[PDB]
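One chain comes next, on its own, written out as structure tokens in the form deposited without this ligand.
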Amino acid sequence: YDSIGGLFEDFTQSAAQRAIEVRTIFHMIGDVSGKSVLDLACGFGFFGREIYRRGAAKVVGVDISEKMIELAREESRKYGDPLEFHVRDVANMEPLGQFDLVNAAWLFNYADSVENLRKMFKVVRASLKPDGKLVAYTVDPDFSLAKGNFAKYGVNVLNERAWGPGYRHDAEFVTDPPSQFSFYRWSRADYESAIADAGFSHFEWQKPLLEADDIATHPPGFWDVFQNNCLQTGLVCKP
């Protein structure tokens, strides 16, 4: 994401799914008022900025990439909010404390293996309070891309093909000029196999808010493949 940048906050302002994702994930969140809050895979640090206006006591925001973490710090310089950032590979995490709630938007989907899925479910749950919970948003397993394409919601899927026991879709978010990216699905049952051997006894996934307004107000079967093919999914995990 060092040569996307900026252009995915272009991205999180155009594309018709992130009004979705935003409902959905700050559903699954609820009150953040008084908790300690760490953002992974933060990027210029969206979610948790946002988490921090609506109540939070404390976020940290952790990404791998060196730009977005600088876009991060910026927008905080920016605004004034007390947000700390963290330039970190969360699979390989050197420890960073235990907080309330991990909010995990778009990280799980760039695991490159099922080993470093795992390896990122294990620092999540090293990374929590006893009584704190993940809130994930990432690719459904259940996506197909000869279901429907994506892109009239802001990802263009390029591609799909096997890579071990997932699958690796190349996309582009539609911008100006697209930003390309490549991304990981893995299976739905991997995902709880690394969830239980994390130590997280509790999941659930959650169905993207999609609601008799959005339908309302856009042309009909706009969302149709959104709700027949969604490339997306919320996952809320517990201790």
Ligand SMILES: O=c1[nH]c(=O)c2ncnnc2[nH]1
Contents of the next structure:
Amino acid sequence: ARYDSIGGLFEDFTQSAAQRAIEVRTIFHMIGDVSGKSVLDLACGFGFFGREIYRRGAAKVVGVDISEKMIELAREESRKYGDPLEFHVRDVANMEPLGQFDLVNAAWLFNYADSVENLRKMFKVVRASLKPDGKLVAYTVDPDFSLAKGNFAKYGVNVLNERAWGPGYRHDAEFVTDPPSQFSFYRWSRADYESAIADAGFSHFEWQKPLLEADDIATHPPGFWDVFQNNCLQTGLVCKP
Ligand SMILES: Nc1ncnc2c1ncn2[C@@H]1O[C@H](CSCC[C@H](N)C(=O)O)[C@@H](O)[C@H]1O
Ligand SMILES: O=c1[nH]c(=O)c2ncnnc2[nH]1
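What's the form deposited with this ligand bound like, now that we've got the form deposited without this ligand?
Following is the full complex, with the preceding chain placed first.
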């Protein structure tokens, strides 16, 4: 797993990157009230979203990540704060079923699907993890991002290159940390995303623009967020059965 070489550097990135405040805001806007809900946090990392979701009143939270190192960090955080989160080390595309939850949160899951086949498998895994009145809140790469139109390094993610990869694109990137933290991800088209959504049995979906606000524009130099607005690397996505 690539994040075995990243580990605690990823938290360092989430603490310094200008984009992270916007994405956290957008994800919790999509999620809404979590009181009493059962929650599955996929590609959970050290557990940031699942753990905050528990802090905001969720009844039960389970996290899944492919990286042993990130899950080791996730379990140590749960021990440090005595919380009841449970974690699994699994590739979500081929995950054993964990049952049906009220809410699946998937922040930076689908951009690790290395083929359209695996993108479609992940969406079927999510649907199988959802109650009939549940929902998926997801955060992923905006299909429309184009590296030539503006890099994201000033927002925390230095995208190093862009290569055709079958029907999509493959990016090598690094989080802006000390030292930089290398990772690779995939940019699948909007059509392929929506087909995976439809064929996984989600009859409703909505793309969500990141929630950049007046105060964010106020406290950076004018135009700082221009690339973020006209070449956004990130998008929200809400799906319901
Ligand atoms: N196929 C897969 N299944 C599960 N987790 C995966 C995966 N591919 C990548 N990941 C994990 O996805 C994470 C992306 S970083 C996002 C971490 C966390 N959701 C947060 O936002 O704070 C990494 O921890 C990585 O190990
Ligand atoms: O936390 C993140 N994980 C990612 O995989 C990612 N990919 C692109 N841009 N930002 C990201 N942020």
